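Engineer: Here is what each chain is made of, one letter per residue.
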Amino acid sequence: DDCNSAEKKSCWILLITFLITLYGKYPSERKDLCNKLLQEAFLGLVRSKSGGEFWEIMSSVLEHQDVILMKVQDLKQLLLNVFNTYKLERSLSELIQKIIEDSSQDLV
Amino acid sequence: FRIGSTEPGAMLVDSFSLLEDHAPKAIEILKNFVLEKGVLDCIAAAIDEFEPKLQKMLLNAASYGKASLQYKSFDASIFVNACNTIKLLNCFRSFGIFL
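So the protein sequences, as listed, match chains F and B. Positions 1063 to 1068, 1071 to 1092, 1095 to 1115, 1122 to 1180 (the deposited numbering) are the ones given, in order, by the first sequence. Each position in the second sequence, counted from 1, maps to that position plus 300 in the deposited numbering.
In case anyone wonders, no lab produced these hints; they're calculated from the structure. Yeah, the Cβ is synthetic: ideal placement off N, Cα and C, and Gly gets one too. Take these hints with a grain of salt, some might be off.
Simulated restraints on C-beta separations [unchecked claim]: (1) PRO352/B x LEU1179/F: 31 to 41 Å; (2) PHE350/B x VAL1112/F: 51 to 61 Å; (3) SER1176/F x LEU369/B: 22 to 32 Å; (4) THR306/B x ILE1171/F: 28 to 38 Å.
This is chain B alone, in the form it adopts within the complex:
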């Protein structure tokens, strides 16, 4: 989210935001940054968010970070663990207790 970035991340989100319009540009973006750190940060970025709107965007951006990756090079357990650990905090922030 820092204004002005170059490392993996903050441009995978740019790729997802650019998607649905000028698709060739979005496809061509995924050829300069390694799709390892960006997807990891995207997955472990919505874990500590508050509003239930940025979490959705981060999760779908991270989901659009695995198809272009190698067939069997990245474990898929981290994504499931993050998506499951969001649920408990979201349910907790309903009865009054916040953590």
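Just chain F, with the same shape it has in the complex:
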């Protein structure tokens, strides 16, 4: 919320880099917390508008990832976890919408 309150792209990129560094430094317990923080940051970036060039700023953050130059396996696992979490979150929306539509049809 504080980041969204704020040239906020630079602050968001710095926060993402700090979170990535903390996740890398911290050995695996806090991996779930790091994944949740990454998912929250992605959701906030999506709700900011990706944001077009801001997503490119995230791509620029990927340049900072080149600075990190971490292991490929860890990045692939994180990306797969993020995609799975997004799919799981999107799954329940269909059921909620179906229930709401059934109730609305009954009321009508």
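With chain F's structure known, arrange chain B on it following the hints.
Structural biologist: Same frame as chain F, now just chain B:
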């Protein structure tokens, strides 16, 4: 029945066809066109039809054109007269004479 229409009619039929699925949309359709010309045309549209399938659809569509209307603003004799005058022509088109 003309492909592409905007006046009252041809969208009351659309409302009836849309009914039974996505009911809120069908209900919300009946807020843009005055329910006076459409119901009149629907009633005086099946009078001169031939197949005994379009008449049923037109009659039930016109029937679903009176509940949403005002309490006492439209005479109900026209609907009864049309539904009664269909019967004589339908019975006539059984013995051989067509008119």
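Engineer: Compare the structure with each hint and give your call.
Structural biologist: Status of the hints after comparison with the structure:
About 35 Å separates the C-beta atoms of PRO352/B and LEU1179/F, a value consistent with the hinted range of 31 to 41 Å. Checked against the hint of 51 to 61 Å, the C-beta distance between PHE350/B and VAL1112/F comes to roughly 58 Å, which is consistent with it. Roughly 24 Å separates the CB atoms of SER1176/F and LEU369/B, a value that falls within the hinted 22 to 32 Å. Restraint check, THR306/B to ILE1171/F: a C-beta distance of roughly 36 Å satisfies the suggested window 28 to 38 Å.
Comparing the model with each earlier hint shows no violations; every hint is respected.
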